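Protein chains: 4
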Amino acid sequence: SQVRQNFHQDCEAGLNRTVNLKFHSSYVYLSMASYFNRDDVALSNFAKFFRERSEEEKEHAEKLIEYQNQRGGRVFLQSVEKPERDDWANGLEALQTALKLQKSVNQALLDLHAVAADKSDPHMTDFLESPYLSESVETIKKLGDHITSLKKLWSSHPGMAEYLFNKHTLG
Amino acid sequence: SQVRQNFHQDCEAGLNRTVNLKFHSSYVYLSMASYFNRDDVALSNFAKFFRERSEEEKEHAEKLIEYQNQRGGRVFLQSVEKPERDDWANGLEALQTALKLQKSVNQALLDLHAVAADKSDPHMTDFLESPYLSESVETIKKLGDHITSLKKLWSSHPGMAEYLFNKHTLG
Amino acid sequence: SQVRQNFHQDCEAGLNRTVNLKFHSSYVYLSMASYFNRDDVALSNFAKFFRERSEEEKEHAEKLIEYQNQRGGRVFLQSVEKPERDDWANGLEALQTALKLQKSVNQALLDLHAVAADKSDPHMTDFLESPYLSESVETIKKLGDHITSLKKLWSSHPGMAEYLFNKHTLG
Amino acid sequence: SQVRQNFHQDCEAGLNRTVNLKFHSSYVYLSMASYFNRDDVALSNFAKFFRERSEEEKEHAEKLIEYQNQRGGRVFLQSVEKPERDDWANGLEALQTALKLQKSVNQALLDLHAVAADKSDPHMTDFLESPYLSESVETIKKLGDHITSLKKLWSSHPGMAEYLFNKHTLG
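Those sequence lines, one after another, are chains V, S, H and Z. For the first sequence, PDB author numbering begins at 2 and goes up steadily by one. For the second sequence, PDB author numbering begins at 2 and goes up steadily by one. For the third sequence, PDB author numbering begins at 2 and goes up steadily by one. For the fourth sequence, PDB author numbering begins at 2 and goes up steadily by one.
These aren't lab readings, by the way, just hints derived from the structure by calculation. Mixed in with the good hints there might be a few duds.
Between beta-carbon pairs, the in silico distance windows are [claimed, not checked]:
1) Z:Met161 to S:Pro132: 53 to 63 Å
2) H:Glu56 to V:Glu85: 19 to 29 Å
3) H:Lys101 to V:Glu85: 40 to 50 Å
Just so you know, even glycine gets a beta-carbon here, dropped at the ideal spot from N, CA and C.
Full structure from sequences and hints, please.
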């Protein structure tokens, strides 16, 4: 590529592997959103929350693809694996699963960053720092906060817990 | 009728029988609304919800009468039977009764549609599809959602359940 | 499901299979869009065109998932297979591939419709007719038009063809 | 300097050498702009494009001088060498020369960054990352895109190529 400069093969490959991870996360969130819209679950604000998380992960995936092209790397798309579950049990379990998902994606972004730093690519480290790394820790903090509040309500009455949280926190 | 064309006797008769069903549903909802305005029940938002359901069924009944005239059929009104109950027990029982009512009205609209299709009346099938059939499944989904949320709260404290739902969901 | 009524297993299954098809189409278009943003291809308006086609297919996939829930069916997501190619050759080949893709998706929607009609589900046939079937034939006509115009320019100079079309038709 | 802190001699020297490079680039672009305004070349939009590139490089040179002062370093200006050519042949050759120029300036910014990182100067690495390194890769991608589009048109008719590109891409 006539445009390529100081762009290592490993950074190019790590980038393609990270967009697949981002698409997989989006898919997981889509599944959660759909689960909460079920007539036998009916937690509209949980659904809404996961739907926006889904769109956000999709958006990240697309910006990474754009970054690949801007640096003169070549995009290679892989199949997107379906979510690990179709039934997400309840609002608390869904929230806890999301925290784990966010931590694994954050780790992947950290590893990619480490590769870019190792290859002396200041453009890529800068790109990954904001808003990717920033968004991750903010989302992780918010999810952690949510889990703490939902757990408190859960100890009393889980039935009432989800209803109140859906209305007062997620709404 | 100088206007009549491709309008079968069975579709004309099914139509008159369906408007009576619509008036009966409206009457049932009116009864529920009135029940929730009782000083010993006092759930203003449940009342409001059933009052609008009542007006909506009345509106459908009137549009079907108009359709009858537009096709050159003749309207024959029957007596409107009173609701099956005067006391609706509580908010959950009222909601569950409404779901059953909605399913029976939906079935009646499906049967009427089947007759129109059998008689090759594309104008009538189209008319019944939107907004009648559409409104039915939307209302059925909403009622199903409501019943799920109210049941959750009910398991903890039914007294608090109705109060909270009336305020946060129906208000 | 307390909400389910006149919803056949085959329609439920056909629906889950169609959302996967919609996600696969979106993915194919995303690949095409990314291909045209390559520095060695550089056709920004072709990219833009395929990017919106991608978002539109994604949107359809999501509305079908919502329809599934509204009818009381259960959503089952499958892995999304990657596009058949990573390099799309040129603007004309990309356009011709899209026409084939659109015809296969249209066929799938027709088959699903036929199942709904066979099972006497007027709500589903109505839902599939607009805007799904409508959007398909409009897109197919537009793509056919585009291919005809691009082919005309191609016979003279393909290099100039893509440049002019990207500017005057897609821009 | 009473203001100096954690500012290495090598970073100070690299900075003075980089502003001279920036002034030289600006001068090169000024020459290209002037060349395209010649009555026997007459490509007003190519001229305009290179004129803004010139002003942008000049602006960078000035901000680096300001950075030098802010850190307590001392500015030392050197003579600005004239461009390597006075005649730039044509629009494609001019574009290709600019890509090479941009790559060499990008490399110089990367080397300077490496020195700042080696000397543990986080203020300078941060300063160089945005908008310097960012602007470079964006300009390099845009130039690469332009060269690809112009080459396509060139294969057919170079005379028509420059005229069309000047109007549709640069205008």
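Which hint numbers doesn't this structure obey? Failing hint: just 3.
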